[PDB]
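As a starting point, one isolated chain is supplied in structure tokens, in the form solved without the named molecule.
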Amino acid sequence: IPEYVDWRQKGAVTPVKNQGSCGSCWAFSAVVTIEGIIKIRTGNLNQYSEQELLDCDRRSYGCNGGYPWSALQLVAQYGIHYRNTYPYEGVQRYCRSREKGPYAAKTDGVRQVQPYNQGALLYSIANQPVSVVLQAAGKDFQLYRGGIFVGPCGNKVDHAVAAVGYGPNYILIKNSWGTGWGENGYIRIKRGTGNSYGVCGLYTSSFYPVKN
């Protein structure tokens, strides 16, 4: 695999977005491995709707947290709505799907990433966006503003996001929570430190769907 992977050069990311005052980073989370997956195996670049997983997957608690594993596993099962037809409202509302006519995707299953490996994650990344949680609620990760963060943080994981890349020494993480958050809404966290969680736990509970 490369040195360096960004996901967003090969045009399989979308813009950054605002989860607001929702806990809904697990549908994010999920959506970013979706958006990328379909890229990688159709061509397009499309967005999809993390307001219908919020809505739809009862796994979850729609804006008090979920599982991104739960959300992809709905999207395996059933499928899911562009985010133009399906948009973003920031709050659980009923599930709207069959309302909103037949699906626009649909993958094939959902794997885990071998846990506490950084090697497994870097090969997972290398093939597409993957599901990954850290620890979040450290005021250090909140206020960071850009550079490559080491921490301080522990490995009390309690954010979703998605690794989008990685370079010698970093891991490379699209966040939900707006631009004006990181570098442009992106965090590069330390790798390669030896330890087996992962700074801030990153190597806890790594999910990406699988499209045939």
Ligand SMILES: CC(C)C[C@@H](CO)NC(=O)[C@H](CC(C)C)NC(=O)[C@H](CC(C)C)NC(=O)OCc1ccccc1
Given for the second form:
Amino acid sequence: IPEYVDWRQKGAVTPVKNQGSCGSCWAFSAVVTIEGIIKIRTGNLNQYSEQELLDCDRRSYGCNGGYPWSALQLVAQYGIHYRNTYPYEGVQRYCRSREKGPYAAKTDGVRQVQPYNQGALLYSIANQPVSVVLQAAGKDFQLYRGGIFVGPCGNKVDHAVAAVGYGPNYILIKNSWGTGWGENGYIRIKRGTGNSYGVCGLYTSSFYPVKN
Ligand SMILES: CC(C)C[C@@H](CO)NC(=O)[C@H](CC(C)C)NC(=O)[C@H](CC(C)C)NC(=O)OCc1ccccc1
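Can you now output the form solved in complex with the named molecule? The one shown was the form solved without the named molecule.
Time for the whole complex; same chain goes first.
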């Protein structure tokens, strides 16, 4: 695989979003992976609905938290709508997938990257964007303005984000806290520390949507 990977350079990632004051991270995270694989497969880049996931995922807790893998399961079964058809409100209402009409896209499945393994993660990122979790509760993470982030931080993961690339010494992450945070909404986290958990727990649980 390559030394450098950046899905933005292949026209596979959409503008940085802001989840606001709602624990929708898991939905935003899954959506980045969906927008990415569809572009890679079909050639078109569209924004998909995080609100739909927020409302229609029964295994997740709406704005109280949720699971990227379950949100990714939902799309592989029932598909998903465009963000424009089913916009983001920052509050969980009721599932309106049927009302909005036919789904815009549907995935074929979801797979898990072998955990606590930097190589297994890089390999997957070289194929498509990946849903990844980390600990964002630390002040250092919250105050990040740029650079290859090395911490300090623990591995009490509590925020789902998406990995859209990597380099010799970092993993490029797309966050959902707006463009005013980090490097225009992005963060480059240190890799190859030999830490199996990954910086901030980055290697705890990673999933990606499958689509043939
Ligand atoms: C509720 C969890 C299980 C799910 C995750 C992912 O959404 N939640 C979160 O990550 C939550 C979101 C929500 C509660 C406002 N994050 C937060 O509440 C954090 C702040 C807290 C920890 C002091 N949000 C936060 O810090 O806002 C972003 C920001 C900070 C500094 C500069 C620019 C932008």
